[PDB]
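Single chain ahead, written as C-alpha cells, the form deposited in one PDB entry.
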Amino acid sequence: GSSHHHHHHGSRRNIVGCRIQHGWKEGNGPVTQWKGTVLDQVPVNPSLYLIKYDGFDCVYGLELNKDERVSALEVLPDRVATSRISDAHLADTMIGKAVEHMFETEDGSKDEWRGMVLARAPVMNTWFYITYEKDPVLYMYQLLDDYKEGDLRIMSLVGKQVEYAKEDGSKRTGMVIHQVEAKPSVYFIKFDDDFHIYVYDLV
C-alpha cells in the first residue's frame, strides 16, 4: 500500500517482480478474487502497474495502491524463479516479428490469428508480450511451446494523450505509456476506464 508520511509524503514497497493477491469490486457486483505477478511500473505514471493474473491471458494495467475497486491487497514473499530460457537465441530473434498464431475453437477447427511478438515479458521471462491485428490488446503466452508444437509460424510519443473515435460517436481518451523497443512506431496505450493495455502503430 501507499503509507502516509504524512501530509505531502507517502512511501511504498517496490512490488515489481512480486506475487500479489487482492479482491476486486465489480461495479455493483460481487467481489472477485485475483492472483498474479507484477511485471512493471510505468515511468510516465508510477502508480500504474502492469499485471499478469494466473489463468488470464491479457496483461492488465491497474493503479494497485489507489484504485478503490482493489481490496485486501496482499504482497506475497513468494520468489518468482528467474529461469534461464530454453533457447535465448530463438526467443530473442522472435521479437519484433509478425506471426501466425494458431488457436482452436470449441468446434475443434483451426483458428489462425495474425499477430506481432513485441517483447519478452519482464519478470516472467519465458513468457512473451504479443498482440493481434484483429485484437489489439496486450497478451502474454509461453510462445516457445506454441512454436515447437507448430502452432506459431514466423514471418517518442510516450506521455502524449490520445483520443479514439468510438463507434457510438463517443471519444475515448488515453495516454501513451510505452514505446516498443524492437519497434519504436508501436506503443502501449492505457485508456481511462479500461484496464486493458492497447497496442497500436502510431505511424
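Numbering follows the first chain given and starts at 1. Between two forms, the rigid core is defined as the largest C-alpha subset superposing within 1.5 Å. First, how it differs from the form deposited in another entry.
- After superposing the rigid core, the C-alpha of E74 moves by less than 2 Å between these two forms.
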Second form
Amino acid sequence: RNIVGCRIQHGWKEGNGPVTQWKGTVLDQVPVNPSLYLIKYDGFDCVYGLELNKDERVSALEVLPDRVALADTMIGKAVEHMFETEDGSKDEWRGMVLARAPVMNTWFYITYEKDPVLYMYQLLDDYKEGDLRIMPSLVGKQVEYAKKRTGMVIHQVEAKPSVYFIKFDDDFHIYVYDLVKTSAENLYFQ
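What would you give as the form deposited in another entry, now that the form deposited in one PDB entry is on the page?
Next comes a single chain, given without company.
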C-alpha cells in the first residue's frame, strides 16, 4: 500500500497537441504541498514535479501492477560525471551529489552547474565503471525572482543546508539553488 514506489502511467496533452503516453515511479509526496508528486519517468534522467490532482494535462492516470520487492560517502561530494554523446565522443559535467533518492534505493539525487535541476542516477554503478570522479529553514516559503516567476521552496538538502529545491508554478522541473551563489542572487522569499 505504498505511495513512494508506486508505478504509474498516464497520458499527457499540451494545448491542442497530441497525447503522449508516459510510465514512471512516484518518489515523494511533498510535505509542504501534498498535491505535488515527484516522479521519475522511465528513460528520462530528471526528477519531475506534477500536481496530479489538478493538472489538466494529465489524463488516464493508472496505477501499474506493483513491483515485487554502500556509498553514503558520496553524499555532498563534488563530482565529475562522464557520459557518452550521440556521436560516441565523451563529455563530462561537474556537479554535486545531493542525497540518496527516496524510493529507488540504489539511486542518487545529483545536480550540475551546466543544468541546475534535479537529476537521478545509479551513481555507484557509474563509479564502478569509471565514469564518476569524486573530488576532495526556508522550506514552505514562497519564492519569486524577476524575469515575475513564482514558486515554493519544497526541500532543504541535509548535507548542504544552504541548498534548496524549488518548484516554480510554470514548470515541471525541480530547480536546485545554493542561496549563497550568484545563480540565486535574484531569488526573494516570503
